[PDB]
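A.B. asks: Now for the letters of each chain:
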Amino acid sequence: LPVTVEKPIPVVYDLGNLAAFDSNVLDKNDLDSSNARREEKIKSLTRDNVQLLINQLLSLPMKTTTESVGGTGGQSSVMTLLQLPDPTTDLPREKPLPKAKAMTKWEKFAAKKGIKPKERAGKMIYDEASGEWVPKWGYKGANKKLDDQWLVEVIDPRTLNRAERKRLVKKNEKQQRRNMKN
Amino acid sequence: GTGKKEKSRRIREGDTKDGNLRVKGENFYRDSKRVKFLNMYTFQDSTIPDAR
Amino acid sequence: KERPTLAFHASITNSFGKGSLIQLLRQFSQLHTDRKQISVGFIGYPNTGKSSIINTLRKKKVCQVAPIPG
Amino acid sequence: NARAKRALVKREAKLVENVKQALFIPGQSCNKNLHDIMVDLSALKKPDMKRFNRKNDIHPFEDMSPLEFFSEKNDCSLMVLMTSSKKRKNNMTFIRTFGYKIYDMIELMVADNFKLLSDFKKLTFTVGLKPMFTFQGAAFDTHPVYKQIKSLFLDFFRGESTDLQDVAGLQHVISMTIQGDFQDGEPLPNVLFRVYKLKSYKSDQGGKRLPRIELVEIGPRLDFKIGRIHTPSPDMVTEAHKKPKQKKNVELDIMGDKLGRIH
RNA sequence: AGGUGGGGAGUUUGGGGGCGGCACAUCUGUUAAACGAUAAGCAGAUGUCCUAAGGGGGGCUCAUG
Ligand SMILES: [Mg+2]
Numbered sequence: 009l010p011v012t013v014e015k016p017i018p019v020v021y022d023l024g025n026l027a028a029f030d031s032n033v034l035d036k037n038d039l040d041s042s043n044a045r046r047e048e049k050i051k052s053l054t055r056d057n058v059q060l061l062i063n064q065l066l067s068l069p070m071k072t073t074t075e076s077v078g079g080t081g082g083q084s085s086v087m088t089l090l091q092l093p094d095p096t097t098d099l100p101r102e103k104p105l106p107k108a109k110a111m112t113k114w115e116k117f118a119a120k121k122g123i124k125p126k127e128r129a130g131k132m133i134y135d136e137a138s139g140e141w142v143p144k145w146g147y148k149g150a151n152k153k154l155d156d157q158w159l160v161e162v174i175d176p177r178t179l180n181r182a183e184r185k186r187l188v189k190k191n192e193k194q195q196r197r198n199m200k201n
Numbered sequence: 002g003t004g005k006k007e008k009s010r011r012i013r014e015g016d017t018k019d020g021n022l023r024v025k026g027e028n029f030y031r032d033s034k035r036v037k038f039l040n041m042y043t061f062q063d064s065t066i067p068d069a070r
Numbered sequence: 279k280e281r282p283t284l285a286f287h288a289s290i291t292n293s294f295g296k297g298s299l300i301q302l303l304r305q306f307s308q309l310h311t312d313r314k315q316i317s318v319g320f321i322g323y324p325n326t327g328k329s330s331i332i333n334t335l336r337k338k339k340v341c342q343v344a345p346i347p348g
Numbered sequence: 009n010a011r012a013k014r015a016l017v018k019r020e021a022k023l024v025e026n027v028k029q030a031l032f033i034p035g036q037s038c039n040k041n042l043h044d045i046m047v048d049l050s051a052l053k054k055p056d057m058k059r060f061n062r063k064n065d066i067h068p069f070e071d072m073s074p075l076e077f078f079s080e081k082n083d084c085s086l087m088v089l090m091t092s093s094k095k096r097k098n099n100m101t102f103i104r105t106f107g108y109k110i111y112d113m114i115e116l117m118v119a120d121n122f123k124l125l126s127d128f129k130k131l132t133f134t135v136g137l138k139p140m141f142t143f144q145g146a147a148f149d150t151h152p153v154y155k156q157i158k159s160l161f162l163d164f165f166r167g168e169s170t171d172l173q174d175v176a177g178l179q180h181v182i183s184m185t186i187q188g189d190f191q192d193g194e195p196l197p198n199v200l201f202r203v204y205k206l207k208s209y210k211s212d213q214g215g216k217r218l219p220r221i222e223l224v225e226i227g228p229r230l231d232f233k234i235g236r237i238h239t240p241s242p243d244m245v246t247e248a249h250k251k252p253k254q260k261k262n263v264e265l266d267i268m269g270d271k272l273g274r275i276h
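Residue numbers (the deposited numbering), protein chains in the order written: chain A, 9 to 162, 174 to 201; chain B, 2 to 43, 61 to 70; chain C, 279 to 348; chain D, 9 to 254, 260 to 276.
A few of these clues could be false.
Quick list of simulated restraints, FRET-style, between CB atoms [stated by the list, open to error]: (1) D:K253 with A:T73: 24 to 34 Å; (2) A:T73 with D:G273: 31 to 41 Å; (3) A:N37 with D:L124: 42 to 52 Å; (4) D:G273 with A:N151: 35 to 45 Å; (5) C:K279 with B:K25: 16 to 26 Å; (6) B:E14 with C:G297: 26 to 36 Å.
In silico SDA-like cross-links for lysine to any residue, where the CA-CA straight-line distance does not exceed 25 Å [stated by the list, open to error]: (7) A:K103 with D:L16; (8) D:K94 with A:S42; (9) D:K138 with A:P143; (10) D:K138 with A:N191; (11) A:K124 with B:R70.
In case anyone wonders, no lab produced these hints; they're calculated from the structure. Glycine included, C-beta positions come from ideal geometry on N, C-alpha and C.
My request is simple: use the sequences and hints to build the entire structure.
C.D. replies: What follows is the structure, encoded as structure tokens:
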């Protein structure tokens with residue numbers, strides 16, 4: 009019934025991972041697998057350690073929001089929660105850091121030149137003779153307008180534009196392949 | 002020259018491979034980042067933009 | 279209670295407190311390292327220390343100084 | 009096509025790593041007791057648990073390439089392969105992988121006195137909840153082998169790294185103990201693994217602030233014998249401890270105001 | 001031999017930043033790997049909503065005997 013627990017050596021706690029360490033002396037006499045009291049001693053030691061960890065864990069602050077269920081990503085105000093601290097144990101990583109980036113020639117040119125990066129304003133470009141935005145790329149853009157239009161006043176020239184666009188795409192792919200070796 | 006010549010410096014630095022970006026006044030003193038800044042001390063196109 | 283209150287003397291060469299003000303300005307510049315530029319303006323009654331303090335900061339007479347308010 | 013791209017995105021290294029996936033491979037000598045032990049381990053590893061189709065004939069110590077190949081093809085960082093030889097009775101192997109390459113190898117064997125989960129008293133247990141841990145004995149931190157075992161167990165069972173925990177989430181605790189202390193140079197005593205369910209006895213003696221913690225053992229009860237061990241090189245250890253790198262007289266005061274000290 | 005080499009001389013010092021963008025039911029020349037099936041692209045009358053990704057939700061199971 010009593011909850012008091014104490015040890016001679018101060019206990020080390022890892023609240024960031026719900027773990028604790030107890031460097032206290034281990035009783036080899038009773039820990040032997042052949043002993044029957046072994047199980048009871050292990051149970052008592054585990055209970056004491058868990059009591060100490062819970063006492064230390066509950067001392068952490070707890071958040072209390074004023075919101076409601078709301079969306080699926082919300083949190084209920086009623087559910088009190090303990091704010092755990094940052095992790096302390098430096099567990100080994102599983103993969104390296106992908107700090108490597110693309111050294112494409114464009115970045116070097118931009119660094120050398122004063123050309124600031126594009127602001128990515130939007131897809132809605134403007135055209136004429138249609139009374140509509142007709143965005144550049146994304147849905148029935150001006151790229152296919154030259155093929156769709158039925159007057160090419162200037174041998175089939177409609178296919179030549181598509182061939183030129185495909186050649187530009189191939190050139191972009193070749194540039195990508197060349198930069199992949201950086 | 003020989004070292005004083007800017008051609009030798011360009012060859013040594015390897016910028017000749019990308020000489021297309023040669024800025025007017027490319028020298029050891031006051032490189033492009035400074036030449037362009039100073040050129041501003043040397061806006062009235064009256065263009066008609068479509069404010070849509 | 280509300281200001282640093284740096285003691286200063288406006289002697290052109292035998293200035294007092296110049297080092298403290300220089301250190302304060304250096305600290306302010308360190309705070310604004312990302313700005314790369316900063317300027318300090320002077321406010322006060324005429325002929326108090328403005329031109330003389332500026333000159334002693336520069337260590338030489340640059341701005342005209344005389345016992346005259348203007 | 010986007011489905012494959014989503015998987016490849018997870019395959020690539022992430023700044024914040026998710027729960028380390030565990031792959032279980034039954035060896036050529038997958039005993040029925042070994043199968044039960046694997047099932048019990050999976051019960052404490054779900055839902056981030058994967059089991060192979062059938063038996064295997066892979067020797068991690070005599071063949072490291074197959075483990076790396078399986079990890080790469082399954083994107084699993086943690087690997088477990090249970091295999092018991094005539095000399096190494098009830099032996100179980102645990103392996104970690106860094107960048108699809110072998111990180112370390114450790115042999116763990118369970119004594120015949122082990123008790124399965126079904127043998128213990130039935131109690132509620134929710135999958136996916138992060139359990140608590142308790143380490144007893146200075147050897148856990150003062151010894152290399154025990155430190156590695158502790159790190160492996162934590163990485164296997166620490167689950168997510170969330171900074172917010174529910175009070176009701178503390179359902180059970182894992183007791184990590186050793187078979188008594190030992191002198192320098194002596195054989196390493198077997199590691200004792202126990203799992204205890206938590207009971208919230210009223211705080212009559214402890215007033216209201218803290219309840220009387222009670223424990224009920226549910227198993228599995230395992231004593232881990234120490235066999236062959238492999239460790240990574242210092243360079244690999246340093247690589248595995250890298251940080252994402254994510260200010261003189263600069264501090265963000267309350268309300269987000271950027272204040273400083275004049276000195 | 002190599003090097004400093006407007007210290008010296010002749011000369012100019014013109015008239016310009018963003019852009020590429022489509023996926024499936026089709027048939028034709030190459031590809032065709034040659035007892036063949038007919039694939040992994042090129043360009044084409046061909047559309048179509050898959051809003052240039054099919055993301056979710058609810059259902060069906062399939063070549064071939
Ligand atoms: Mg004055």
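A.B. asks: Hint by hint, say whether it matches the structure.
C.D. replies: Hints and how they fare:
1. Our hint of 24 to 34 Å for D:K253 and A:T73 holds, since their Cβ atoms are close to 32 Å apart.
2. Our hint of 31 to 41 Å for A:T73 and D:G273 holds, since their Cβ atoms are close to 32 Å apart.
3. The beta-carbon spacing between A:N37 and D:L124, approximately 28 Å, falls outside the hinted interval of 42 to 52 Å.
4. Between D:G273 and A:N151 the Cβ separation comes to about 53 Å, which falls outside the hinted range of 35 to 45 Å.
5. Checking the proposed 16 to 26 Å range against C:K279 and B:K25 shows it is violated: the Cβ atoms sit about 59 Å from each other.
6. About 44 Å separates the C-beta atoms of B:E14 and C:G297, a value inconsistent with the hinted range of 26 to 36 Å.
7. This hinted pair checks out: A:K103 and D:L16 have alpha carbons roughly 14 Å apart, not beyond 25 Å.
8. For the proposed pair D:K94 and A:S42, the alpha carbon gap of about 24 Å is at most 25 Å, so the pair holds.
9. Our distance criterion of 25 Å between C-alpha atoms is broken by D:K138 and A:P143, whose separation comes to about 50 Å.
10. With a C-alpha separation of about 49 Å, the suggested pairing of D:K138 with A:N191 is violated against the 25 Å cut-off.
11. As the CA atoms of A:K124 and B:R70 are separated by approximately 24 Å, the hinted pair is consistent with the 25 Å bound.
Checked against the numbered hints given earlier, the structure breaks hints 3, 4, 5, 6, 9, 10 and satisfies all the rest.
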